[PDB]
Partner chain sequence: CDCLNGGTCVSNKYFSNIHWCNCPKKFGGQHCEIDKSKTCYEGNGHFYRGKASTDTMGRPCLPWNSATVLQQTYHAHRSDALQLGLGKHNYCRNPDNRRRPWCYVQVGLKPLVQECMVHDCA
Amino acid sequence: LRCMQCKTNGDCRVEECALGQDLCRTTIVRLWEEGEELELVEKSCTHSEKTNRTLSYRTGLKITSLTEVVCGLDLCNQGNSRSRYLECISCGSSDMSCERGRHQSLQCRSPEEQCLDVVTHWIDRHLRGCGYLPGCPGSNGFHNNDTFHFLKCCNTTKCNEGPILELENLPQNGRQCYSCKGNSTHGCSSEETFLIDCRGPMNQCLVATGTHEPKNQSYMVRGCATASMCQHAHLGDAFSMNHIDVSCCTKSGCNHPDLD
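Structure for this chain only, please, in the form solved without its partner chain.
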């Protein structure tokens, strides 16, 4: 496979994709900000279990508009008024606007897009607005000793409103699964593994292995997750993993390394 390869500046070439790579990407970012549309575009080869996805959100008098799109063909990432589908609450952590109650309305520009609500703590914190991820209609999150991710998703007007989701205010499931992260050496080692109390709808015991895309090490995690969160696609973008294992189960402690 070969994909067009262009940096922010825009100098382009044909990248012979390395062994394993089978998808060509085009990440487009946009920033409207009081009368100036700012477009940056990266293209390159990219790893599998990736999907077309986009997120648009309002920071004060600005709009940030993320987009990525992929396909399997050779050089598939080559070349590529007022629309109104869904009213979605929006804000951001980049100006502590989501953290407060300054919750603007953002109209979805595409029929597929849905109202989102994410929270991301280790490794912006809070985000709200319009976007698309595959099979989205519904909520799905995860947490362990330190990390906490969540992503609600809905298709009706202003459905992503109300207070900001904090892990602390959520109840206890009763489910207890093991909490670790790292490599099976110094990381997810059996003494380094331990029991935590699951929360909210995250009542599945989860383990997920893979490889940290930035540096060629492998990497593992365990904790409490939703069923929908149990998914090969979703852990690979929350933690930049790929070539993944994702096991899930509903017995308190069926996580444990021994039980892999």
The other form holds:
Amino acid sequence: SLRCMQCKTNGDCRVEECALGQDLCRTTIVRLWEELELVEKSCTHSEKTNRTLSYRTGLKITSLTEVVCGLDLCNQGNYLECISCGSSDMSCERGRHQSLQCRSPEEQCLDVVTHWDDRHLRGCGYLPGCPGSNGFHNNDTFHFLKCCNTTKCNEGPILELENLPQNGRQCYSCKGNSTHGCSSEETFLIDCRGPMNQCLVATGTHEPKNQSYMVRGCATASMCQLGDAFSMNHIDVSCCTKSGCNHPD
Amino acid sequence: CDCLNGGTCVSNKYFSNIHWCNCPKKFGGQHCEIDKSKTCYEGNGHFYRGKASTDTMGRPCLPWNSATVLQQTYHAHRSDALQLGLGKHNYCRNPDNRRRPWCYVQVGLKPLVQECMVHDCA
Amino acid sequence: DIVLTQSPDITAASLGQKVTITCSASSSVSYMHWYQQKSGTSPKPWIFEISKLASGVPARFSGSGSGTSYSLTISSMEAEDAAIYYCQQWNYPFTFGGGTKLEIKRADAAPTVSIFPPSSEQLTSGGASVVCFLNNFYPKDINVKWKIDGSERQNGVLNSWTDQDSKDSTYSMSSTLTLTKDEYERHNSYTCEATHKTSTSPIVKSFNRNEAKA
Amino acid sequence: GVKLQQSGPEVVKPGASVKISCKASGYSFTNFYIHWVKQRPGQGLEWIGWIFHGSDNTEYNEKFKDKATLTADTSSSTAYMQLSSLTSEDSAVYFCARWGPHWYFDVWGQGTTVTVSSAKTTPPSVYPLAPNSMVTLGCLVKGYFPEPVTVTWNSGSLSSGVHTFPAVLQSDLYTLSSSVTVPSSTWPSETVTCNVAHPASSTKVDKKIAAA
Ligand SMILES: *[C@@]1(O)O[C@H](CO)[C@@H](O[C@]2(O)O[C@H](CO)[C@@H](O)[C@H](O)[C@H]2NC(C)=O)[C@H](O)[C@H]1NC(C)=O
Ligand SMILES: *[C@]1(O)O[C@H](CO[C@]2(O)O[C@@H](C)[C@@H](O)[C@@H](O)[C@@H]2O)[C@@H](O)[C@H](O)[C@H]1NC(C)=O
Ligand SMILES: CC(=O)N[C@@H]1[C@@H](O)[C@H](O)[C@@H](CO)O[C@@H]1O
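Could I have the structure of this protein in the form solved in complex with its partner chain, to go alongside the form solved without its partner chain above?
Once more the chain from above appears, this time first in line as the rest of the complex follows.
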């Protein structure tokens, strides 16, 4: 019986009756300086968390930040140096990286790779699975997050999947349902690369409603303990370190 | 992608996927709806974007999202607010086809439609 | 299975000479590494990610390549560069090339041949080994033929070679003919015959079991 | 700081098994792959396989799948490799190497020598090799086991003009020789003696080269 403020960016707000499973309220804030501030709110999934991400992409500076809480309408109320760049303006892909000083003793240097919104992002912040780094890749996805807390520890060439060597481990890849997307006739072997040698299976909920979702591929150990990387909500992951042990049993 | 003019859409998987846009130097706002360059208006002014907080006799327009204008016909919260250029600002717009861009101006107790200051590009 | 072929197999380069080793791949590989090994000890990373030099590697070394062909080059051959170089694919099979033995080319040198009879100690032990040293010669190719009373003997012969000498870049070889004390006592003339490019005729050294000391 | 410490040389009987260790130190053991490489006498390098974090995460070279077994003791940051049913083809030097940051084998262990033999520790028999300005001399070190021996001339005084050849296998035992060249005015008027030391049998022998 949780309720949250549901506001669009235009300012139109209204009370929202949370659906089963969404026991948290969220306020997502985006700030674009050169300033413009976007605010959005609604009920959200149980495993969401407070997170920040700031990065400069040339002259601009984008600051994303999401706060969560689990009380009725709690929704209503209002220097570590890192390297920063972005895909929007080919900042990263062009090696035109810049120094950005975090403005929260909790913000670490981040390096996030999202290959089929920005493919490459670097800056300040704190995200789920921060302390350390994690990675995953399958027939059509490559995700990697690096979070560290030492001056410009997120510097260097941008990480591409092609620059990670095949390690020999082979895992099955697929996406969808166990009947549609992840069937014995749809799933196939891929070559795991670099540190990703865990054959993973993630089952949860994607799409609008509670559609059962599933994804299989190669992953780092740190991934076998969230769903934002797989676009899911309640994620249940399973891992094994034997080639093909990933198969729909 | 609901961006306007020369807008490139972007979002973030970690932040509820809230979206916004990359606009040319002369366009501002979450959707590149604001035209910070235009000084004069079109012929009808229907598709005119840009500032013009002032009225024919130097009078401040009301924010299309002010409590007041939210109770008028045209306001920031209508389903078509983005197509009409009605948002959190008080720039002259011509949602209804009137041969001249206007805006709501407060006069005493009630807000009334006043012709805009903006001149014609002719 | 991506096959890596290194070439040349073995080459002698004169000091100051330009050397180029190549590694041919059965299929494309994104990156290739090169390791240097001396005297069978731990291979040392030399050039990684196609052209990056490991800490301490001299500037005369450089590597290049793409897809199916890569090469390590040393602009000016120096003494300490003599070793075995191995290329290796950066990924999964981690296959190493067959290796290239790089040695110092030098002027030809004829071997100094020395033959030695079985010692008193060994003979009283009931055995008999005849030893022959062919030292400090260049190039490495050399043929040693043993003869007992003039007839060639191939069985019972064991050979050993040294690596290029540190000081003079030559090679040395030892050949030992082992036979029973009785067969040794039944024959007189023992000969070590060495064939090297430095001479059209064999360098022959021998002794007679009968003729020696009082 | 960062290194891989391998266990000592092994002499194992054919058919038996052997297990060698590689202790990692100077870095986080569980975050890097450890590869094992084989090198037979006078031959190239062969990849055996790798282990990552623990015994349950390994990958093998098809050719060694039934010969090697890679395990790890995470609590001691040590990787182990077992080789079974050893033949003569297994006599080699085995190295462990870390797959470093830039994906090349960046840190190598010193290597572990594995000699597959049925021989027993045998001391060598040292024999003098006696024949105008220079006179050679060797010394023949026959029938010892296991490797190696240490040959010196005149307790190390004679260093220049010495050639100590690689041992060869003769009757499942080793045979080696060494030559020394000196001015004839030095020998036999003076004494030339080869000193042979075989630690495996705790033996040291001095053989003076007397005129034949
Ligand atoms: C620092 O920012 O990050 C490191 C690691 O990213 C943190 O170190 C760690 O927690 O340090 C512990 C002892 O200091 C150690 O027991 C533990 O194993 C480490 N965890 C990791 C990364 O494996 C460190 O605490 C952070 N502190 C700062 C400077 O923010
Ligand atoms: C996290 O969601 O933050 C809330 C309260 O917000 C903070 O709530 O908001 C920022 C902007 C600062 O004002 C902070 O001082 C403030 O604490 C907090 O109540 C939650 O507990 C926290 N989430 C966690 C840690 O679970
Ligand atoms: C396994 C399951 O949940 N069934 C649905 C199926 O009815 C639907 O047609 C399909 C389309 O995406 O998705 C899922 O496979």
